[PDB]
Amino acid sequence: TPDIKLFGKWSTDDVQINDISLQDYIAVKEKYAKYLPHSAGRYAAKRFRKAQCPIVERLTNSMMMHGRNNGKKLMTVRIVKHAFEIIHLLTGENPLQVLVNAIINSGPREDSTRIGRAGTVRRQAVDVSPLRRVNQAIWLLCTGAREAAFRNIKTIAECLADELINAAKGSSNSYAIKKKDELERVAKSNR
Amino acid sequence: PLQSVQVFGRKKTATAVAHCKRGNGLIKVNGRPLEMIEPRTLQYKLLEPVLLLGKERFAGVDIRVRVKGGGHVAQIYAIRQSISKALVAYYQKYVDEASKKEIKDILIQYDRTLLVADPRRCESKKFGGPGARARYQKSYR
Amino acid sequence: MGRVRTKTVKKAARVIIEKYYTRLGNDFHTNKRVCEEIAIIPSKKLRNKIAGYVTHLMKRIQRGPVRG
Amino acid sequence: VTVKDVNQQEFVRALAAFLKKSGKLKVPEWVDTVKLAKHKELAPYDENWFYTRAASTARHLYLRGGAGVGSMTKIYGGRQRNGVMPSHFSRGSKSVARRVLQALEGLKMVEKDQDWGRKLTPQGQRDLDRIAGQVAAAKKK
Amino acid sequence: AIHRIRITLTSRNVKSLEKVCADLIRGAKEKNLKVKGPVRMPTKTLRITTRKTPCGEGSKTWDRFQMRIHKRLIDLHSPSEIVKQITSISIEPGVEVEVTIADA
Amino acid sequence: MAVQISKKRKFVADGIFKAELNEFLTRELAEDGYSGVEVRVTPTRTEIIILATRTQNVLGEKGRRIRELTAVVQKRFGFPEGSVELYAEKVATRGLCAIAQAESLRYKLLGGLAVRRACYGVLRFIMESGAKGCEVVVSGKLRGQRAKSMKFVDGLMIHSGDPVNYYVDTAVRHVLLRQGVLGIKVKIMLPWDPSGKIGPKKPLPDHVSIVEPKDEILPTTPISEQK
RNA sequence: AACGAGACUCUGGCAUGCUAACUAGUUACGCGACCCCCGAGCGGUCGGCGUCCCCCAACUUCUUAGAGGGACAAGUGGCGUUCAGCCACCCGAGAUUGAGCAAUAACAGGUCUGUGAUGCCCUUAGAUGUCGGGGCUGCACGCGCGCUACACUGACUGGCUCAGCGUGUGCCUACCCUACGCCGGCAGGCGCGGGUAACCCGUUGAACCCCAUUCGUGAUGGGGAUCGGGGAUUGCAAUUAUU
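Protein chains in written order, with this note's numbering: chain A, -6 to 184; chain B, 180 to 320; chain C, 154 to 221; chain D, 35 to 175; chain E, 16 to 119; chain F, 22 to 248.
Misleading hints may appear alongside valid ones.
[Stated by the list, open to error] The calculated EDC-like cross-link candidates involving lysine to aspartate or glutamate, where the alpha carbons are at most 20 Å apart (straight line), are:
hint, chain 1, residue 1, chain 2, residue 2
1, A, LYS66, B, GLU217
2, F, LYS96, F, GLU149
3, B, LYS317, E, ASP38
4, F, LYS218, F, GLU110
5, F, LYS28, E, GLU111
6, F, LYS96, F, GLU106
7, F, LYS223, F, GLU237
8, C, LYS197, F, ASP35
9, C, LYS172, F, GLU237
10, E, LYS51, E, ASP90
Read the hints as simulated data drawn from the structure, not as lab findings.
Kindly produce the complete structure, drawing on both the sequences and the hints.
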């Protein structure tokens, strides 16, 4: 605590990665815990450089999309502070363990791609990197809250905290755990 | 005898000249408290060195800072970058090596441009685009 | 990346080592200042190159004989 | 205390109330028909907007070297949505600010001083810093 | 009497400018006129951004031209005679000079 | 007699005077081997140094022509009377003076002479006078009513980088005939690298050479020699 | 051996080293004045807040612009014929920050409406060379470049708070940028003053953003097309609506 930042109130201790596969691309607490998610603007100039930056920051980055929200990273952080707050009142946990489950449960195990034969569509099943899983899982759940709040009275904060619950405990009421299983259902067929 | 050493920080043309003058506590910026510098959501960030190093490093100085340039954001990184280096310079000049070498290891661990500066500034636009890379649409019919 | 040395460097680098073999060290900075005095290289960036190749040659000349 | 120390969102909301108690400010008749700037599309919701704006007037004079009716408008102006045309900045009303500053001057909290601008009276400067500590007395700074 | 006399130089060529300034600072300091150094003012950009194609056709192209002026001034305080004597002579290049009676 | 215009506008108006004159003269001194000017304002006086190769034809008998030229400028730009003072100058080394070489080729051609033998004759002169190399172009008609181009080239040339501003000069002159117009262009490369005037800078242009002196002796053996 | 490539020029990134500054600042007092006890103390003083005062003060970190230095695959570990080079790492600004310049030969490409550049042909007094009026904006339709939108990650109304590249009357023939005072809801009018410009406008007190009200999933207060009436400014003249 006096030598390692919390989050402004939320411990990064008592936080685990419960896979051996997806750690070393999920990290949040080795020394990478900080008061806020922000950077000086170094995040990528090498392929390995992407991995290092926190998961909580990565979530904030992929939250601002679709034209009108680009370049408004401070507005974005407002939504994240409410998210953890709502998650803690609503279920009562270290609200980061919610998020870590939500990411791990939404990442695909097998994926398909295209292959050109006879000028006609054929598909091939292939595997997926841990770095791919994390990138995909962060994409998918953020699309859910963006979609729901497009005509609902509910705010995006409320929608997003709901979306991490249904991902963290699979229940197929989320946009993520649905879309995960769609890909794998294809990957079984053409293989 | 009067002791006074000055430093600055920069990020994206936002200068922040933070003088460390002998005294006790009371860090300010523009003759205002740092507690009320105004986005007040990034309040944990400019406070970060002071909070992390403890307030007992800041017990032989009065620091005041003057700023100019940049936007609301880039100023925050400038004032942080200056106060970090200001503290260091005070130890570099009036106290021994092993005091400040310790302090250097702590800050540079979570380096975030506290003791260094980005070389990145805007690139110059050329014609045929509204941006430096982005181009106007091309039609064949 | 890239930055493969041109022939203008490799031509004069050989010459400068043949006639001022004694003056050479194996440090960058010393071999720079020698090239500055025994000749004039009309650019600054060009000077920083010709020194570095003169250095890199002088490493190999202290082994078996060079064929250039 | 100096007015620098405190929050400024709090400053105005106690200073506006202060004036209206003391019978201060002789207001214009037009105050219920007034758009308030060229770049607005509506009247204010507020029914005591005049009291609020006189607060913000006197504060800025404490900081900066003081300036006339023109400069006050430039500080207040914002963005103008021209509909189908792209937005641009523009300045608001003048004749409101010309009533504000003359109403303050009737109380002798400001006065036309030298160097092309009204400046705030020492009696005015007394009254600002007097209620500045009242803010800290209230909540707890 | 001894009047604060300002020798303004103005040019477009940094070599031609600077050496002529140096000459006047040597000759002044040689005679102990208590000369004050050059005050180099911001170099100003004339920009002209115009078409490269007459009778526009083909891919749309432009051309940036620029002229860089330079100003700098040396302040002397000494009798106006010996200044106006020595100033106007010993200038080789096309570089302008403007003498001022007083400014301070 | 005042005040005076902005410093920005001060340079523009000088440029307009420098340029207008330089095309005024070229339409009168074409046959006299014109080669340029060099203006200089001096204390309470104007100098206009009218560079041409043969000062003879410029001067005239009793200095008539120089008197015409001074009276023109005295009225045209509204100069204060008697301030204007002309001077002439002869250039030495005439084959580095591309402008004059091109405009001489013009009158050789317009005099009525073949193109190939004319191009060769001008070429060897500018090569002989000193020059790394040189080039001539003639674009337009000849031997029918479709156009062609005729290049005559010898020696070195450059085309790229910043050295183009120093180490070459280039000129263009139109010449008429009874059938259309013919374009002359002359491009000539300056040779100085050892020293002087100094005019163009001492380094070599395209491949920038390493200037290399040599010394290397020893006969040393140990001894003490008292002084 | 030569041209192009590269080299080169400009620009960005590294200087508490060098050079020097009331048309640039900082610091230091001398301060005296204002302010509140706001903190120790009492209000003084010490400390805090800016402004005037500032010098015959001190300095050049910040700002300005000049001379210089620095980066070379330099060092280390792999890899390569162990050559030319390539990959990782230390130091750190990593050997690519972005532009300018650019060969041979060609095109029936564009331009006679840039040219007092130009051939030939035509026309030249009932003129293809001058004043007045109209048109290039005329629409059952087809296509291209864009702008503004379809909302709650929002709109609306208040409050807070940050910037840079430039430009400006004394020019073309009649014309600039604007502070300040007064009058008007606004457009605007009127009285005075400065600026040849690191000097005056402008310590460019800009927007998104930030903070607090109001609206509530509704073609809604989202959207602002279409259209009626009225008020100003430019000009010799504003109708087919100049703004």
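Results of checking the hints against the structure:
Taken as a hint, the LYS66/A and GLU217/B pair is honoured in the structure, with Cα atoms around 16 Å apart against an allowance of 20 Å. The hinted pair formed by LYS96/F and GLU149/F fails the criterion: a straight-line CA distance of about 43 Å is larger than 20 Å. Between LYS317/B and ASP38/E the CA atoms are separated by roughly 59 Å; this puts the pair beyond 20 Å, and the hint is violated. Under the criterion of a C-alpha separation no larger than 20 Å, the hint pairing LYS218/F with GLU110/F is consistent with the structure, at around 17 Å.
The straight-line distance between the Cα atoms of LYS28/F and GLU111/E is roughly 11 Å, inside the 20 Å bound, and the hint therefore holds. This hinted pair checks out: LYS96/F and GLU106/F have alpha carbons roughly 13 Å apart, not beyond 20 Å. At roughly 26 Å between alpha-carbon atoms, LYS223/F and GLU237/F are farther apart than 20 Å, so this suggested pair is violated. Restraint check: the Cα-Cα separation between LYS197/C and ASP35/F comes to about 36 Å, which exceeds 20 Å; the hinted pair is violated.
Proposed proximity of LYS172/C and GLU237/F is supported: the alpha carbons are some 7 Å apart, at most 20 Å. A hinted pair counts as satisfied when its Cα atoms are at most 20 Å apart, and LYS51/E with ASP90/E qualifies at roughly 5 Å.
This entry does not satisfy hints 2, 3, 7, 8, going by the numbered hints stated previously.
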